[PDB]
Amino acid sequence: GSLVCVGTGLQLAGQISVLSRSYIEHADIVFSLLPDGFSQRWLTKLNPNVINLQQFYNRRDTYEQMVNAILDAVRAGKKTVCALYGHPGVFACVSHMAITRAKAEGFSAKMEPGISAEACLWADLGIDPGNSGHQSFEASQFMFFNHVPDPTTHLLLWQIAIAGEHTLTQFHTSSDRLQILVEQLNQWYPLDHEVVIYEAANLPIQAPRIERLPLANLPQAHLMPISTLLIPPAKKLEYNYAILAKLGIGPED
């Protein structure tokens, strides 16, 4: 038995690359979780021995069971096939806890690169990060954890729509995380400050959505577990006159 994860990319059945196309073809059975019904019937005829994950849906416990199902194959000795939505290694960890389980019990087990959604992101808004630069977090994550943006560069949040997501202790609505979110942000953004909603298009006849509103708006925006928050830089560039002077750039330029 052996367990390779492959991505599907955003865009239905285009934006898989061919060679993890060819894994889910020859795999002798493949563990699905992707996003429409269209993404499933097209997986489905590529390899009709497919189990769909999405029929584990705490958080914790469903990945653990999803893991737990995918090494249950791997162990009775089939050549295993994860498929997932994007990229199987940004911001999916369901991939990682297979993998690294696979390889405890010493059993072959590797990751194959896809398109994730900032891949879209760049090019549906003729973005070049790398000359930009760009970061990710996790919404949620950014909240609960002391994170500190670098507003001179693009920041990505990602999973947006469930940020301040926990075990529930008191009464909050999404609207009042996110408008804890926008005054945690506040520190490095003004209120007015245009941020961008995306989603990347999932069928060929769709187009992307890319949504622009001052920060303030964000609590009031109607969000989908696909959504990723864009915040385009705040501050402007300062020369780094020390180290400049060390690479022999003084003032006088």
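By rigid core we mean the largest C-alpha set that fits within 1.5 Å across both forms. Positions refer to the first chain, counted from 1. Compared with the form deposited in another entry:
The only C-alpha among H172, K103, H134, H96 that moves by 2 Å or more between these two forms, given a superposition on the rigid core, is that of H172.
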Given for the second form:
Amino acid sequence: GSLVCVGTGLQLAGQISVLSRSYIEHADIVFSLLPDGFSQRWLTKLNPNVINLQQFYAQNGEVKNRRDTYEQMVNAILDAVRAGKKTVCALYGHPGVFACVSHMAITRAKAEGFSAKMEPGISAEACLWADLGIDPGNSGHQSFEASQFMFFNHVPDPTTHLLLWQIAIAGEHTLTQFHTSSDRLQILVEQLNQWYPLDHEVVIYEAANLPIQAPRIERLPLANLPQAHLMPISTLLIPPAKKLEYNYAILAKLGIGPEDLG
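For comparison with the form deposited in one PDB entry, would you give the structure of this protein in the form deposited in another entry?
This part shows the chain on its own.
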């Protein structure tokens, strides 16, 4: 038995790798975590032996730590591997970006002597750059999980494009809820205010999951965030707020200046 984790991207059907699609096709069994039922139909057609990992999420409003959900997912995957099945894990987007299930399964698989690898895919971040015509290189890029940004010590660079993933549960410390409160979001605003003014335009981005669907690109002042309608798939883009200051110190050691910059 072996393990290959792949991504299906965001968009239905067309945004998966050619190779990644082939992996699903030839798999003995597929463990899926997909955005919707259209994506789940497409997969089943591609390979009928599919187990939907979605089931391991809290059901009927029960209190359940997501850590436990993930552990169960990982274990279900390994169960198939151990049994001797050429197993494929298909996650939406990139399987190893802001997703721990694939990294944990692979890690455990290797330690048990099974072949395991990860095939890169197209993520929400990849979609963002394209949808808002931004090149992350222009002024650099930064990503954090929204809650971690609040719970731990992170200092952003205000000259770069900043992203806060899982903004919908920003400050939800229990990991048993699906969303956070406006109060939490307000604390975030006040925290962000260390670097970004209140009227600083930010963007609520949501990549489309269907071909007939347009992406959500909602611009608003930072202060309005707490009142905004957020979804589990929402990502927060905080565009630069500051001018690039010349590292005169380094240019000097380079023996050059701005005027010499090609």
